[PDB]
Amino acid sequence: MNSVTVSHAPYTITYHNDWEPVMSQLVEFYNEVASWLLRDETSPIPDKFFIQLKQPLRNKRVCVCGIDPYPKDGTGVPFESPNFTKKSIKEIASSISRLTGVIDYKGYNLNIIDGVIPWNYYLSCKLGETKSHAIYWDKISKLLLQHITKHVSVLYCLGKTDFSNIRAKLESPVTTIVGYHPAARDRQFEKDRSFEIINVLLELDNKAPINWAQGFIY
């Protein structure tokens, strides 16, 4: 329910209390960097950069992480495609379809699953250009994900090349799976079994499995 003020837009970052220990450095890092990322039209729009910090962490046990938001139409919620038009979320839905048995669905959202926090490593990109805002988010991205890894039990990063070394230089002993990106060659995400692997790993850490079918929209 709290909010701190930055000096570049969105000027205000409203956050859940679970994010308090980090919010201080976020202001320092953001004010040093914002002017570069605000130069271009961004995905998402700046008023949506940080709306994911409204999500509690205490109840989360898995983090599903992609490298940066969609090249276009980023909503401020990682992976979200309201009208179910984006490939990655469509492919994620297909895997969960073949796992759970649900075939009749109109959409899928990772932001409505208990114990799961969808996350973008970088929080913005120049419109239509993936990873364009990497060097700008660099410090912030490390800062924020480290805080997430203090709460979650399993970190699931999508993209072998994307999360190549970043997961190792993250500096946490959190169980991590680096699976294929939904856009990978030779149907590698379709063969990918990470969602099944997550639930097995969670049982080892004495945590309840993720009900992946909860993301479905009818």
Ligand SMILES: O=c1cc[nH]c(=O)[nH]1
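Only the largest set of C-alpha atoms that superpose within 1.5 Å between the two forms is called the rigid core. Residues that one form lacks are left out of the comparison. Numbering follows the first chain given and starts at 1. Compared with the form deposited with the ligand bound:
- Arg167 is the only residue from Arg167, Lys48, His181, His151 whose Cα shifts by 2 Å or more between these two forms, the rigid core being superposed.
- Regions that shift between these two forms, defined as runs of three or more consecutive residues whose CA atoms all move by 2 angstroms or more after core superposition, reduce to a single one, 166-168.
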Contents of the next structure:
Number of protein chains: 2
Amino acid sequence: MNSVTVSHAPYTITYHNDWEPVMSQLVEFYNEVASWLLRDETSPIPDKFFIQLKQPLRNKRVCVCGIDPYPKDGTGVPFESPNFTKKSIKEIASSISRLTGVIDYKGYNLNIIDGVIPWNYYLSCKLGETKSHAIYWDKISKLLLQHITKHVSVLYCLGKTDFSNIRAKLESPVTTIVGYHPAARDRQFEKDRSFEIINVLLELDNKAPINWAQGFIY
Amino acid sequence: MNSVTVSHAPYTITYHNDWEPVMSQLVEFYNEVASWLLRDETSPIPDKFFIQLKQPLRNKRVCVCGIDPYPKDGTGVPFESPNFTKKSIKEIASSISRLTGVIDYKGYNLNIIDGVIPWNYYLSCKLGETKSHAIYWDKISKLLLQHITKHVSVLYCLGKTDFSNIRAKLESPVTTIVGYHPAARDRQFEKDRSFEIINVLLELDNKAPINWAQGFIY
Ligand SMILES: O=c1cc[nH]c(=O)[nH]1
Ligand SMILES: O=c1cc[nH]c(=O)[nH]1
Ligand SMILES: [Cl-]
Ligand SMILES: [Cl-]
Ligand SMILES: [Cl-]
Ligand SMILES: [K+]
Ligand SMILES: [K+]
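Could you give the coordinates for the form deposited with the ligand bound, as opposed to the form deposited without the ligand above?
Whole complex next, starting from this chain.
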């Protein structure tokens, strides 16, 4: 676990060694755009922007990727809602409940699942405004996700319109699924088969399925 | 069925209307390289290069794709061996035999199966030399396979090394699986569950299964 310093808040970024190859470019890129980010109140707060860089990558086989943090109360862990109030994670838990038979739970967290790294393409938004920092994270977003696709077997992105151009953006050889976002119109998410498809493709790729029930909190 | 003219042999390419949108570009790319390509004796003969363009695409939900034709005796139909002598198709048949329970058969052809189009990424080779014509087919190969992946639900490529970067070339929402080639050492093809898993993937995509037993000749 090393760290590097950046000129603007949060001033230091702690990271796992698996990220070493991109940290130099990340410092340079972040120093360029950070003033744009910090003039607004943000979700998450700046000290939590990069908290997922503490996660290893070599033991990951699925990236679960949303476009950017919750408009409010983002923790720096994508989808995480400590009090289980956010619609997105509740919808995800409901789907996993249906697939796993786990009916009694108090919460759900993608970040405690073996082999899964939850990710947000953009690492912040202006408080209460989705995708408001897209232009500023852009170069960093491509850099960091491309780095993740060097490790994982499956990239699962949520939001058909949000991720409309993801394949041209990454130019990756990795398996990529773009599914419905939890708030997609007409409850399309609950019929989405992506969690099942991911496991079929992993086992095809000679990897263990994801045990999605590990995400539950009791 | 319409046809177009090319400047060198086979001179006329007849095609089903489903291929209409790539034909002008095909003519242009083929005219650019045919003079160099036709320095060699080929598998298949030039009059059979394009015979699969006679197939419709709108009723196809799976493409089974090899790298290029048999080094000798290619017929223009990928994997096809009229006398059932070639190793690849014998291994394919054996795999489908175990999957289906069909024990007595005299041959197997991937081209007589409802919903399947068998394909070769490169449409010829120099006689007796595998992948020898990749230099000539390059642009055509991308053009044609990309068009197929706008119609099929699953793309099944044979050759882990040959197709390792294929999802970056296609940049497609199609579900692409890359499996072992029939002649993979330590008999890895025999362990491969791709043919079986194709129907699982199709079901998740709300499509009908393939009846792989239609491929048998008796
Ligand atoms: O972190 C989050 C939360 C909701 N939606 C996302 O895309 N990411
Ligand atoms: O047509 C063929 C024959 C052998 N191998 C392939 O990949 N395709
Ligand atoms: Cl969506
Ligand atoms: Cl063979
Ligand atoms: Cl192989
Ligand atoms: K969001
Ligand atoms: K071949």
